[PDB]
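Okay, so here's just one chain, in structure tokens, the form deposited without this ligand.
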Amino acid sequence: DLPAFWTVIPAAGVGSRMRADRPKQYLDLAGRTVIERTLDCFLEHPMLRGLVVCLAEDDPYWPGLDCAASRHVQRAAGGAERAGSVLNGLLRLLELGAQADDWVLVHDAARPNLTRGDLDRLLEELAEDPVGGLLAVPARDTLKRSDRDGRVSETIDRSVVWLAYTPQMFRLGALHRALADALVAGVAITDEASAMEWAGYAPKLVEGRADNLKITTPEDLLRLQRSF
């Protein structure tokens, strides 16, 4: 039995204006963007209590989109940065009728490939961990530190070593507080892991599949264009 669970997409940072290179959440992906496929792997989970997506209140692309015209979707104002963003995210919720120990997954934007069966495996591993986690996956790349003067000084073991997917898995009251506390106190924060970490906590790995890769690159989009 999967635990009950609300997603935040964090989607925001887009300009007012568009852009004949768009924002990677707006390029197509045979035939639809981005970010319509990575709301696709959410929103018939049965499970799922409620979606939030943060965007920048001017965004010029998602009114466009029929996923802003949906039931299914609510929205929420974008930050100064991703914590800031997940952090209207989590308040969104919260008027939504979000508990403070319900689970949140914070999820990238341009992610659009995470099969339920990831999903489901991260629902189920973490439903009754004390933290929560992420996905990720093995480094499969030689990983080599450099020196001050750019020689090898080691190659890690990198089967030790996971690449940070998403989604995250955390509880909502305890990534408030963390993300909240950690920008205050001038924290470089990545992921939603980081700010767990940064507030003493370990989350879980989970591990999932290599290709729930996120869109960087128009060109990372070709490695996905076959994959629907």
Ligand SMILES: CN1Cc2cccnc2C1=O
The other form holds:
Number of protein chains: 2
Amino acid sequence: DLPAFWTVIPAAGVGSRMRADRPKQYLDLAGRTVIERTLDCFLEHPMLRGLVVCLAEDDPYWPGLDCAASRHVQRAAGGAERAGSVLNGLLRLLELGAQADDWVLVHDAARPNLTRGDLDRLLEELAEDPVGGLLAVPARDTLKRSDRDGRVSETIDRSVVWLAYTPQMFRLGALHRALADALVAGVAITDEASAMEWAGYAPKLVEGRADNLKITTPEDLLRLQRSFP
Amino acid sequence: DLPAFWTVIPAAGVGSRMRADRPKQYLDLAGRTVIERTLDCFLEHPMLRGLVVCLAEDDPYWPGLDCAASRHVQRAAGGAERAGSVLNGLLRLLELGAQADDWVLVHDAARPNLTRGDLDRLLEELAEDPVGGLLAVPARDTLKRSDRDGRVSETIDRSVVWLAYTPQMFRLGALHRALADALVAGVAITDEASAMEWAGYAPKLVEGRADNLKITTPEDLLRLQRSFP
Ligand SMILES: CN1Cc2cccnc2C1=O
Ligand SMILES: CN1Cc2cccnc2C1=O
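I would like to compare: after the form deposited without this ligand, may I see the structure of the form deposited with this ligand bound?
The complete assembly is shown below, putting the previous chain first.
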């Protein structure tokens, strides 16, 4: 019995001006934009209560997509940083009838290769967790720590090192307090787990697939061109 | 004035039997095998004294390549592990007239995107180094350390964490002693830097390009299909 969950897709930071170097979320991935394929990983799930995309109010690419005329996709105003945009998504969820104890999933707009297995695996393993968790994969490259002189001080034991992926799964109320307080404190928030970690909580690690990659360079598109359907 | 250097390409571990899931070094990369493109990064360098490929004596793919009939490529017998094959490559270099103080470069057979810039940058920055070093790139993914309960114990400060790449550049005599003694000691050697680290030396880090990737899955080929010429 998988739990019910809301979904927040932070996708702001896009300028008002179309550019030849398009935002990675609007690149073409086998006939569709990256963010459209990212939304498909969630929109069809029976336990989905509602999905909210965080966007700049002057985003020139979004009104061209068919998901902009979709009742299954809600929109929230972007913030100054990613954490602020996630915060506005949490406020938008509260307007749609979300409760403080509802599960919320935050997922990168440029991670379109999220499989149904990883999603349900994350949902079934955290459904009874006291704080939540996130998808992650073990580090497979040799890690080396540097001293101040640029020389190797040690080879890090990567058997305990995991790469942080998305989605990340936390309770709406707790994440709301953690994100808002950490922004007031001046914390260098990266993901939602870092805000929960600063607040004292230890998120659970849920192993996911390694090909759930984030599109950071247009060369990373080439890895996923054969991944659909 | 770049220093003179020998090159060892460990490429053993290949079985005697051709298989449909070919060894990654023999996959096609825009009309040529991965290992052929890897050798091209070195064979044309004016400071190259000699290149040695470590191969199993029953390798069914190598005799089909034109580099098997090339005077510019020498061959050494593979060992039981990668470190042993590297060791036999060092012995093969000594037969070709190498000296104990000569620079040796060890590079992965499945890293064909090594640019001339990274190679010379590694050579010019380590030419006067007391031990040597290796190419590396800074970690750009969020790193999380796991406790014994599978929960995040800390987010690792990745400002001091580097991913270890190749080539790696060490003196022939020192690497020979470090590799041989560490194998006798029972050390879990990964790369040459780990053997030098166990021997007490601190290798220098030389920043290289991030697209000098190792081909571990046939999906990684897709990243490099547009990288040549
Ligand atoms: C994914 N991102 C990046 C960013 C920068 C600034 C404001 N919002 C955002 C957001 O949602
Ligand atoms: C690159 N590799 C892997 C391996 C396994 C066993 C023996 N030699 C080798 C070698 O050179």
